[PDB]
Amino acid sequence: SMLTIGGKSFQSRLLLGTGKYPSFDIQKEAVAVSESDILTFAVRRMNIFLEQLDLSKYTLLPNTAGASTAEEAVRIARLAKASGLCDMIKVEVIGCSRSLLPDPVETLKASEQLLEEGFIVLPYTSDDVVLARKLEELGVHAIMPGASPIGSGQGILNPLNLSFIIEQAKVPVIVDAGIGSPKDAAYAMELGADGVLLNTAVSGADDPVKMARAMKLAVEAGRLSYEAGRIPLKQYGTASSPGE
């Protein structure tokens, strides 16, 4: 089924970040060739606290990057909404300055509060399997487990956990950041994810426009493969596969 969040459907399963591109011209070009329908951005890092873009053609997913506690995240979200730049909110509460991995307690807390306030909520979380279900039980509109640490470029580090999260989900699962190249974006969709959220892997490339194109194709390719029923892994029964 077409990616649907909070009752709204999207033709593109690729969520694109904005803000760290070399220039607005390159950013606008990248956004276009990506064909993304949902654009995400760090609210804090903006004048109100992305130009040359007709926001009327996109759904805005501002995030609370910079927040250390649920309270700071709620403050940022309320401002985004009041500023008219929020169709849905990406709850992001980083709890480690070194790894930049999310704080589960604060994410759980902020998600519950923002749901009570009427927001369409999408929490950025780790690949902790039960935690993901806990977030869903609050009533969030999507769950966004990270493939790996933000900006690591390592791709998905724990396919097994991601598989558990996707298979138990009752709302869309979108792999968020930690992506480095098309192979990672494709793998996420191959595992059954409903979409992928990318930012630095594209804006940080030597040629952002080309990479944005590559990611668009990779997400499509991975989704098609998932739907097509790929071949299984051949069983050889050697020592490298204990129990086989």
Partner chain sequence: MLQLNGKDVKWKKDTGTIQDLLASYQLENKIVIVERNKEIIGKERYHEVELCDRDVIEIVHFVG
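Positions refer to the first chain, counted from 1. Only the largest set of C-alpha atoms that superpose within 1.5 Å between the two forms is called the rigid core. First, how it differs from the form deposited with the partner chain bound.
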The other form holds:
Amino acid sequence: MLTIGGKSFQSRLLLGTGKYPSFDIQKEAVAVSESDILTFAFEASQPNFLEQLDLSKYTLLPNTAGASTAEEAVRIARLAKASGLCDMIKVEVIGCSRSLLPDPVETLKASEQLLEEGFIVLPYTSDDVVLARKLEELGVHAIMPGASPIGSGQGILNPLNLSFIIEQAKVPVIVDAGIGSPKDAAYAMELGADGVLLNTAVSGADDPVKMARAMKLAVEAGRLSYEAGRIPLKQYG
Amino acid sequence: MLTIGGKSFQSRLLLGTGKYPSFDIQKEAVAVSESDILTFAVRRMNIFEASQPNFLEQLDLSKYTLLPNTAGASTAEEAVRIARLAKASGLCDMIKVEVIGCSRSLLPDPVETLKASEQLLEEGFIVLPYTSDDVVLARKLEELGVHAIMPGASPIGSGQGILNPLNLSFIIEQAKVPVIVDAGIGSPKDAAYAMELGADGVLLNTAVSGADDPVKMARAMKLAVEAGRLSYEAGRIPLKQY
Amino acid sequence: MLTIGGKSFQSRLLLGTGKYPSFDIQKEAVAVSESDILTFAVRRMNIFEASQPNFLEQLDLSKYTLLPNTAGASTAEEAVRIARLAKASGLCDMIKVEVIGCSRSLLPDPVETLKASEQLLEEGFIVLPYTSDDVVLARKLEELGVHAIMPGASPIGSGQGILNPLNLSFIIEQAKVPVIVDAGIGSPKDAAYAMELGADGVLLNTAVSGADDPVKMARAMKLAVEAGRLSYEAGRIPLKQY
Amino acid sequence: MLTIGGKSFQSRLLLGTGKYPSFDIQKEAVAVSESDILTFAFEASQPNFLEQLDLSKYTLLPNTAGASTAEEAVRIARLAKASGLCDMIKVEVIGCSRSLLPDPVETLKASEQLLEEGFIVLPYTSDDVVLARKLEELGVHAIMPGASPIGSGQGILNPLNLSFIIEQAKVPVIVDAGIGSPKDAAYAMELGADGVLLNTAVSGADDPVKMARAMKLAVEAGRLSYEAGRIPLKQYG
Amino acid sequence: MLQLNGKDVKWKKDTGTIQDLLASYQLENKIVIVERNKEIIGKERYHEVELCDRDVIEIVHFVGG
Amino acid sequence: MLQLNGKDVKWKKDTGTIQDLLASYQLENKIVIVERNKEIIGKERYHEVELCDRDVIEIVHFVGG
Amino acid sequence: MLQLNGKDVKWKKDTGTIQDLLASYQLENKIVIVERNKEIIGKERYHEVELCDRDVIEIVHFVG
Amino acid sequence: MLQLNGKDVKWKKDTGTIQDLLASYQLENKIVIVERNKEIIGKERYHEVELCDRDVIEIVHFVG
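What's the form deposited with the partner chain bound like, now that we've got the form deposited without the partner chain?
After this comes the whole thing, all chains and molecules, with the earlier chain placed first.
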């Protein structure tokens, strides 16, 4: 199975929790997903989804979502363990106002000092074939390259680069950032991905419930192709 | 609910039966696919040779609808003589009209497919042309009163996926009988994608046939189709530009 | 040396004349393109209106070969009546056979283009069909004894470049008269690419027409074509896989 | 014009000198290119091309080609200025035996310490939108992202990513690594590139002479499109 | 009384020739193709083919493609 | 003397029926379609259509596509 | 009298702990995280950590 | 007696400079770069820099 930091999960789908149209839908989409692993990030009373939720059956994936500095990030990480519900981090250094793409220096730097204080680290990175390696070359128990930019579902804008990532790494690889439909989810697994993390496609779907189920199938299908066989691209003279 | 010629099919996936490594895997891949509708070809029965198993003779006919095809006919007349034969079988009403025009590409001859289509219609067939994906041509076949339009994604057994979404989309968008995408499909990737452009269904052979673990793959395509169709009804996030 | 109907053209680029921002730029873009061969259309002369400039009436005819087309004909008969008219002009021998079949896509009707092609051949035209890129269909047009095959890259004025190399390549590879790629081309990118799959030449209109600096672009395509053709004869490094 | 470190060059084509079939051809391809700017990297007598060459009309672009460490690289750089013919560096940290792709940490680190001792630096990088910025954010007078891996002419495997690079940077951008034909050369310029550096396509052509001329046109054509206008991709419902 | 490019125009006088007609509409110095009752008319025959008055002309020309 | 799927086979006896024929070649328990002088023969008529001996059969069946 | 979330504010009856502080704000039962003097303060230490009245507490919630 | 390019080697007549060293190898006119004691040594200093006989010189050429 997919196994990260020595615990395993039968679903190679990781689903996010941001920006759904309603709790009634987020709640439903999450079940229909069959996910285990979900990422999280004075006023007036409202429900909070995490405290309407059994905490045995899932495996929480906090992120550092809102930091620019590996400083600002290190806090959201230690701020996490203060709750004492989590024991796994997603490293996310948004640096570009326009694209929301990982910052190679802070994402790397931050990954080092979280790894000292016994954290389970899986960073968000690019597709610099090497930048994968580098992060992993300092004890990282899962490398998380991004297929496209975040908010826009453009899928794997570059296989090859990520197809390399797969061949060279010894821990698990999970594509996140920018999947748009199953078509994209399933493409990841076929080049050898161990899993797909995705928010926007589901949340923004206008039937996140359905689209949840569809992604849930997609990852499987994809993983089964790779699982064995696959017709070669046929050439002609 | 995929519905061709007034009959409905709960599985949007149509699976072919050609060129599997053994019958014991073709039988098993077909089950796992959950298909209804499987396509067969018509060759001369091998009379003077020796007792050789036949897959449809195995086939539990109560679980499948047959979709005989024209593969082998190089002209329309040939194509018809095969549809006439398949129908005398008493076991099938639909016909997949297939006039391969190019021996290297295996891409259909448009004028022949048009010709055998309109004959077969006169003869009361549920006619589903295998076509190229020339947009105007799809429409033309449609205007014959064909029961499904069935454009290739890329060439047959040439596992290239959807090579021209833009055309397939013109085809989907103008259609008034269902568009089953057939021919090309290499990965679930592709099957899925076809569904996500609103193809009415997918017919596929080689990608399971030749996947060297065909059952594992058949499951895989079973799901890719479901996956696509679902994230088609769901409506999905656009592509942000910059 | 691009050679169509027994006459040769030193410029592999054919340029259209429709829809430029002003005559003073169309005249200048045409020069800069270094074209020989420019396509025109046939409409009714605007008799009862008022004295309005005409581009061919400007045109220094000593520098250009004309390639009238069929644009406007929705059926073959219409298409022919235009080729007959263009020829009575005394100024052109070639004919671009264009039967747009879809008002939204502007993709050609295959059965009409086939029909008007074989008529015009009987009537002694140098006939260059605008076709879709259905591979078998290209061959069919060719078997008529057409003088060039002219597949679209993507739809007209729909600046999408080569959407299906694979087909264009089947077309290039089987051809026995020259394949001018026309329709689609958005960037020099595209023009170049067509040449690099061994297209015999490129015809293009909108990408210069509507490039909002048309002259600058015309130069640009002039070069992209040269660039492609050259890195076609040169032979080029393959794509390493891994 | 294209202007790097305060000197300008009328050709936005930079051509490499590696792996031609013969000197007689390399010599000819280089002229036919119209390049200005060419990159360079006990036995028995043979000609050396650089010392059969006038050194006024060109602008030499040494690279650190053979280093794994920014250490090993720093030398090939200072080893350069010892010849006293050059005054411009290409930063190149090959790290992957399989792809030959830039090493984000050494390529960056090395770029800093070459920039102290008054070097003109233009590094080879990826297409990590940010990794461009980062390199440039420490005084780099031209950023050199790679369209594909090196030896294999796969062209711009990702616009968007590099199309971003263009929008965000203030110095010049030159695509190198992996161009295959004019088609690819010209695509670069259209998204706003200031130039293309390329070896393999020309050297390996089997008519490097012709292919030299073709690239020479391509870059121009490409640059002219962008120069003004360009038909939008037409949409349909 | 003619059918000129589909409009029904009154033609000035009793007799006439394809040339006379192009003249009156100022098309003598313009490339145009003329058809008369579905018959295409070569320029070298204008002066010569007679306007059997009350009948069918289409005047036509090249325009940008 | 028959033309069976293109080969010219000798047919054992004086008279016969499409059924007799399938029997002798062991095809009685197999889905096949039979045509006789370009005429397609429905299974419910075998026992009944007579082998006007010296004449043309094609035996045919479904096979994988 | 404590630094509180962007504002400057009063604290009634002097002696007190963090547990108390969330009592006056209506989120004793809810979800929260709280930081006294750029040092993070957690759920399990709620009775035990006393306000040295004048200091910096940053309270947060989980939002989309 | 000097370190020379992977090998250990003799140097005839004791007193000498770098200029001299390239004289015995046949590349006095060619293209070369040379490094004495992990310190780089250039063209313009050729007469002026004397061999302290026992030490490390790395000579290089420009190759494709």
